[PDB]
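Given next, in structure tokens, is a single chain: the form deposited in one PDB entry.
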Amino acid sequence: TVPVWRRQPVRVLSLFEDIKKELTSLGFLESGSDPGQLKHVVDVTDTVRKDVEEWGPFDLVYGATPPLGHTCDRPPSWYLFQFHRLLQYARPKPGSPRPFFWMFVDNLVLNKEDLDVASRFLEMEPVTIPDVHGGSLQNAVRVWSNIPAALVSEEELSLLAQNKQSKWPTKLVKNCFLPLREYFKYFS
């Protein structure tokens, strides 16, 4: 593993939601950084692999389905497919191995068939992070990721998504970023 003094500041690529205001709270980004180790782009329809390669090497690639209700001229599958495309654009050369990670989180926007195409294109089953308060679940997310980061049934989640049509649960996923401290440098 990498020692503490050789840990470099992580270079991340946020694809739909901006985690800068949240990652700066975990000491992965400095509050003031004109270099901007995070690259954020929201409409990736006109992005070519050369754009991703020119923006610079990335250690982490993050994507998220828009929170429930906050949709706009795009289906939920669009975000998953575009995330897959850009992640393939950013993944480093296999002959030059390096610490590389990625993550895609859904706020119960994808249905069952979208869940299956997500698990197929990302090659793993998601984990369900709940927010239990007062013995009752209030929100939940699904996470696909290659980082080595309470149980409830699918029926409770379905009724939760049914009722909660009437918001970002970043707090639940934050913990999943903690294991990245060992590979990259930790700001105060």
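Just so we're on the same page, rigid core means the largest C-alpha set that superposes within 1.5 Å between forms. Shifts are known only where both forms have a C-alpha. Numbering follows the first chain given and starts at 1. What changes on going to the form deposited in another entry:
- Of the candidates 34, 54, 46, 123, the Cα that moves 2 angstroms or more after core superposition between these two forms belongs to 34 alone.
- Put the two forms on the same core and the Cα of residue 71 is off by 2 Å or more between these two forms.
- Relative to the superposed core, residue 143 shifts its CA atom by less than 2 Å between these two forms.
- After superposing the rigid core, the Cα of residue 112 is displaced by less than 2 Å between these two forms.
- 33 to 36, 70 to 72, 95 to 98, 133 to 139, 158 to 165, 169 to 171 make up the set of runs between these two forms where every Cα shifts by 2 Å or more, each run at least three residues long, with the core as reference frame.
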The other form holds:
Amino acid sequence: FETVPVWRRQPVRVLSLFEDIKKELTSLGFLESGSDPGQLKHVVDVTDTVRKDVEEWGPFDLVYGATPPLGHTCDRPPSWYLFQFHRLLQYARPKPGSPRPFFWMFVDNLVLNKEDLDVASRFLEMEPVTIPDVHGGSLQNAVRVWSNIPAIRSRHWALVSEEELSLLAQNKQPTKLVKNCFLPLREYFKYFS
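For comparison with the form deposited in one PDB entry, produce the structure of the form deposited in another entry.
Next up is only this chain, free of partner chains and other molecules.
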């Protein structure tokens, strides 16, 4: 996916699953003012969603997948979120000919066990990248990311062992880390400000 000239960058059309990212996405300038429903589509329960739904929901430029933030509030098994995410991604991908760039991503909030992680890498065809947000005095933020964004897997993030990540599993309870995670997307779509 080559870079796009600034004057041809159309607004992004995203599909956000299990988690609403409208607030996090608008903050970095991806969705224009309001009452335009084309920019985002959000579904929380997908057990009854068919391909014809996502097809008619309008072609998408980004498909976002996310697990529940770490807390004892999941009726669903942790593996359920990926299998369903992989299910509709095949529904949302356009024809083999490429009219525009198509991206996708899946974040884990330290919810999947090692068995769920290797199944995750197998189904998303890549081993994940880890996003740490520590300034020494803070331990706060950490997520695992599977994505086809070239810049999500381009630079060299702060390599941290995850014997230290289970120490971060406080389990009792985004702006800096997740926005940094998303910035390389606006080099492909409209900058709204």
